[PDB]
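Single chain ahead, by itself, as structure tokens, in the form deposited without the ligand.
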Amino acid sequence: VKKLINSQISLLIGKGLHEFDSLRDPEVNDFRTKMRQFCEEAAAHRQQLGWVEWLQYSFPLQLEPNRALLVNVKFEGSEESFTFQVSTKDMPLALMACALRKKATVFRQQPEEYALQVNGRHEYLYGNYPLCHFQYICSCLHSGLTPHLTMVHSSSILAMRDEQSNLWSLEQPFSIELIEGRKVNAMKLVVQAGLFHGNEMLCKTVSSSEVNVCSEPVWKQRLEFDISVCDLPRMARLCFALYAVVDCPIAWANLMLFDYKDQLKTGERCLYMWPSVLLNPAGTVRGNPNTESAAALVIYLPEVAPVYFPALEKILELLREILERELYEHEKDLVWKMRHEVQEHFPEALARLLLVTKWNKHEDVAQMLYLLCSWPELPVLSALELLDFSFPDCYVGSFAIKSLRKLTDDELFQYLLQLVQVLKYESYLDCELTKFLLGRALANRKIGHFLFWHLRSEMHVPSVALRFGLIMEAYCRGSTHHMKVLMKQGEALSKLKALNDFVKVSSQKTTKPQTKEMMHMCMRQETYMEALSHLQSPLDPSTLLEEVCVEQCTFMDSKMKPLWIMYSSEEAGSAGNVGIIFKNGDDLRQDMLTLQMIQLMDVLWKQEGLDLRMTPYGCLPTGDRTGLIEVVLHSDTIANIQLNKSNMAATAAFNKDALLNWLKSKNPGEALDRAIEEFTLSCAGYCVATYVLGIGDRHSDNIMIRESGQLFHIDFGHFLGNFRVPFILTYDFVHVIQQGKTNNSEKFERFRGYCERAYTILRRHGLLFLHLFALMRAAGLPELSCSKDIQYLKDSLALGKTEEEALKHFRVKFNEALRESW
């Protein structure tokens, strides 16, 4: 049975457990044994939770960042349903009390015993909250529909929980010996090496002597480092680059100077290098797995007669504010000097003092740590800054986690994408961030869900394969049952991959109607109807995908031939009618990041009472150039709409009218006013979002409209300007905002205010976006590579300016944009 489990883990994580053992590695071993234990205790904890507390685990509430409404409730047993009328402001418990009164009357005869399930979803209503606070009740009120809920008893819930059971001395210079390598090339070759503490050099770099493109090379040279060994910080990182010259780069690799048990390393190392685009401080500190084909350096870390990094016991044993909002030589001096008054009166400047501290001088690192050890916890925002590569020290990292522990689950969800990426900065396997993520993942199944996918989706990347593999396994030991649920998912995605391949081939040889029929036949095979049915959506674990409707499934005619999969549910009704899109062929990371930065914008806007009626749909990378996009039903593309086809509703005299007639056809009588508002709100948000993020190549094929009038965007793969993108005002949107009239500054200038509010609210959180993008630098996203990309955001949010200045600046861009509208 322990056999079955292991084999299923291997299947799930896309890597065989045997591959960990074969490495005969203490580090991996300990990571595997310690994290297994950690995750197991979390699961025991889980089995004894109160039923409400379990709900909090399995189905965490989906809350929003007087008036009555109509609701259908029903109990599990019969399909007899009642329909109530209650205030939006009523607690879920108040509604439960109704239901039972209805049952007790019909039946001829305890509200706290229940929770309300949303029909056909993994979603639940409970809590001390007004119905309207619940994302679902909130939604229902917009798209018009009646809320639909089932009364679930606590013993029914407990039954579900039941089923889911399982040192200072050394003063001489530091220096390696460079023995030899065994590479391949084309002219002379040299090595460079530097001692790094994160971004900055701990001393000048030092080079090899020029040797011809010979070998299989050999140097047997000591390379002396212009620094004392007793100075090296805990996280001393040593980095090599090898390139050709008569400048031409070939490979790099790095190692930690201390092992994972604080012991300094000696003596000889073999080093499997990674190929080039010289010094790459930020690359992984673990060798290239393609050991056969990788160029390999041997070096010799000498043995100065075991030494450990002194324990913390020993560590403890051992004009002004004007600048403080890029600082000079004297300016740093004043800081490091006032260093106590910083702990005392400026804790939020912790980081600035860290980037002044003498990392290459042991003494100063001692006093700095002494201060940190009783530094007060900081706010999340500052913590997110602390997690950046500029702060390699593990006592700093440990503090960052400490201050982050207070993140809420929804916050943590909001930033999960960046925290996973920052794993890629870690020097060793057991690290505070991993145990944190895994702990929070094992305490919230939604978080557990997305960590897994974030991890799974990078398994095809050699540089993270082992780290991510080890984590997924640990998690699985933590949640046997969830692992099964995820297999069910990977199994669907494996079929789609094959069905998508068939479609790619087929479409090159025959007409689209014929391929569609042949996709249907393929889908109707048993193995497929079973694999693609009765799963949880990887886009949203709370969305149940029951029966695939073969007849509605299709594919889109664009390049990678994305698959369009419709689903339905008798049990969820119309909101059981959902679709997903399977895309294989493209990189989804870029879109995912863009879509998360928009959802965050929506969130910050909503926190200041501004709802721009956004459409934050799902986008989830699942694997190598693979993942899913959520279908937004009842949409079409501007370009579609603008085809101006006859024998249908929207028949226009002038092309500029087509969009409006369409909205008209979808929104008769009074409903037309709201469509236009919904269109103006979402327009202002998308115009602002595309502007701030440097997103260009917007055109009528990548903009969509919902029947509600809501505008939104698809297919982003270009941002932070990577072609200074002008702000954009499309005449035909303008035409809709202005309700069809040639002039309408009353409507047009409301629209402007929307943009300006949205613009200035985001400015107030500029720092949140910069910290988030800074962590995303760990991703290797071609368009998020360096400073100029970050600068792009600095320039778009005018963060250094006064809110007067920035707004007026923004006002020219905008005006400049209108004048571009014909």
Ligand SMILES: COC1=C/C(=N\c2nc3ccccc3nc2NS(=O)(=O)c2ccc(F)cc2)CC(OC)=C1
Given for the second form:
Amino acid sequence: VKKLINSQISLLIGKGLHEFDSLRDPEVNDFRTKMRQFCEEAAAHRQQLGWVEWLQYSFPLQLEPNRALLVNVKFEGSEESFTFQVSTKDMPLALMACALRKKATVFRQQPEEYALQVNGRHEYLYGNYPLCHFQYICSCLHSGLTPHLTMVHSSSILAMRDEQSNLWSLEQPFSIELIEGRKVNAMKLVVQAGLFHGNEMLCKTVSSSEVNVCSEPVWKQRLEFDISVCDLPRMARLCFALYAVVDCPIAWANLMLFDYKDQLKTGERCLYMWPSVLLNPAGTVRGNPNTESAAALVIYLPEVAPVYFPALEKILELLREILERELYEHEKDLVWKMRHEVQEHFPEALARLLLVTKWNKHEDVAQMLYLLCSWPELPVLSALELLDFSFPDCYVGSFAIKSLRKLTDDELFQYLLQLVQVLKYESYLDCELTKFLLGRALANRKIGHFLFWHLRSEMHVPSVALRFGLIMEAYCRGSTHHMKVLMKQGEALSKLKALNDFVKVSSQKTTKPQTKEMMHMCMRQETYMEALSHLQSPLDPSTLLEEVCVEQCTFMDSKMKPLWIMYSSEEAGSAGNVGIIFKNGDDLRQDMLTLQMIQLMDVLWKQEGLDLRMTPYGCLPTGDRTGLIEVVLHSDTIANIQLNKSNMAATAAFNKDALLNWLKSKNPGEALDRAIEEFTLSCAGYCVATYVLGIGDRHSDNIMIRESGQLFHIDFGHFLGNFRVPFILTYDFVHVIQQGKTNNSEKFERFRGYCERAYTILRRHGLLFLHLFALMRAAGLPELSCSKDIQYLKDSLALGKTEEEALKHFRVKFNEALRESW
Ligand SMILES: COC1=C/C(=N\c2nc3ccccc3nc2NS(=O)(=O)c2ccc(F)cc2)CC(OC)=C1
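Now that the form deposited without the ligand has been shown, please provide the structure of the form solved in complex with the ligand.
Whole complex next, starting from this chain.
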């Protein structure tokens, strides 16, 4: 059985576990055994949770960031069901009491024994919360729908739980011998090498002497650094770049000077180099796995006597306000001098102090750490800053995780993407961030779900395959059942890929009707009906994808011919009618990021009582240029609606009227006002989000409207100004906001206020976006490469200005956009 599980893990994670063994690598081996044990413990803990606690693990609550309503309720084993009138303010427990009193009378005769499942979803309603605090009840009110719930007894939830079981001494200056190489180029070669702690150089960057492009080159050269060996900080990083000149970059390579056991390295190393875009401190500290093709530098770390980094026990032994809100050498001096007073009275300025400390002076680092040990825990916002690559010190990292542990699961979920990217910055395999993410992922199945996908979607990237592979393994060891659930997802994805490859070939040889029919026959094969049906959605583990409706599946006409897959579920009723789009050929990372930031905006807006009626739909890369999009049904593109076809409801005298005619036909009589309001609010949200994020190439083909009137965006190929984007007001949106009237400053100006509120709220959290994007610089998203991309956010949010000036500035941009409206 152990063999079976091992083989399933290899299939799931996209790397055979034998590849870990073949490395004959102590660190890998220690991570696997340590992490296996940690994960296994978490599962044992889990197998004995109370039933409500188990629910908490498996179906975490979906909550929003008097008035009456109708609800339908039924019990697990029977078809019979009752419709109740309840108040949005009622607890689930009250509703459950009605359900039982109804059962008792019909069936001729304890609420706390039950949870309420949402029909045909992995979603539950429990806790002391009024019904409308639950996302699902709230959603039902806006969409108009009746909530349909099922009474699930504790012995049934427990039956589910059961089925799911498993030193200071050395004053001589640091130096290395550069022996030889083996590589390809056109001219002379030079090796440049610098020592880094994060971004900062610990001293100047020394060079080789020009040697001809010959060989297989040979140097055998001491390179002596302008720094003492005793001063090398724990996280010292030695970086190499090899290039050509008579500037032509060839390759780069980095390593930590101390191994994972705190021991300084000696003697000879062979460094398999990574091909170039000279010095790359933020690049990984593990060699290029393609040893056959990779250029290889061989160096020699000289024996300085085994020597270890001193224990913390040995470390611990060894106008200020006016600036503190980039700083000159003297200003830096006042900060270091007043470090205790910073700890005592400004513990939130920890990062500014950490940047000013001299990381190339062992004494100063001792004192800095000493303060860090007694430092009070910081708010999450501050912790998110300390995870930036500027803070490579693992006591700082340890501190930041410590300050992060107080994240809620919802918060942790909100930032999961960024924390995963920060994994790429880590100097070693076993680290606090890994243990933290794995622990929280095993304590919450939703977190586990997305941690897995964020990792799985990057397995094709050699610089991260080993790390990400090992983490997924560890997870699997901690949840066997969930491993099987994920395989099912991976089997579905694998089928879609073959199906999509067919569609691409077929679409070049035949007419769309014929390709569609052939897609359908292919889908109707047993292997395909089996693989594509009865899974959890990778977009949302609480969405069940039951029976694929082949007849409604199809594909779109865009280059990659993405697949449109429809699903249905008897047990979920209408709500189990859901769509996913499969796309293979495009990078979805950028779209995922943009959608997460828009969803964050919506969370922040709603926290100040502003609901802009946003559509935060799923988008999830799953593999190499592969991922999924959640279909928002009952929507169409502006372009399609503006085709202004005859013989339809929406037929207008003037094209400017098409959009509003369409809304009218989907919203008869009195419902039109609300649709127009829905459209106005969402328009404001998306105009602000696109403006702040620098999303250009917005046009009628990538903007969609729902039948409710809500407006949303698809296909973000470009953000942060990369193809300074103006604020955008389109005439046809303006026409709709103005209820079809030429002049309507009452409606238009309400709209302006929506934008202004939405924008001013985001500025108050500007720092949160800045820290989040800072962390994403680790993703290697092509439009999120350097500082000038972050600057785009500094400028769009005008964080330098007071709220008076920023609102003045925003007002001009807005007015400028209105003038551009014809
Ligand atoms: C999110 O909900 C929907 C998405 C839909 N399509 C697409 N969503 C995307 C979201 C993010 C990134 C790319 C998306 N592409 C969608 N469709 S598409 O690939 O055919 C397309 C690509 C480029 C375009 F300008 C327009 C559509 C369609 C739809 O109903 C028709 C609902």
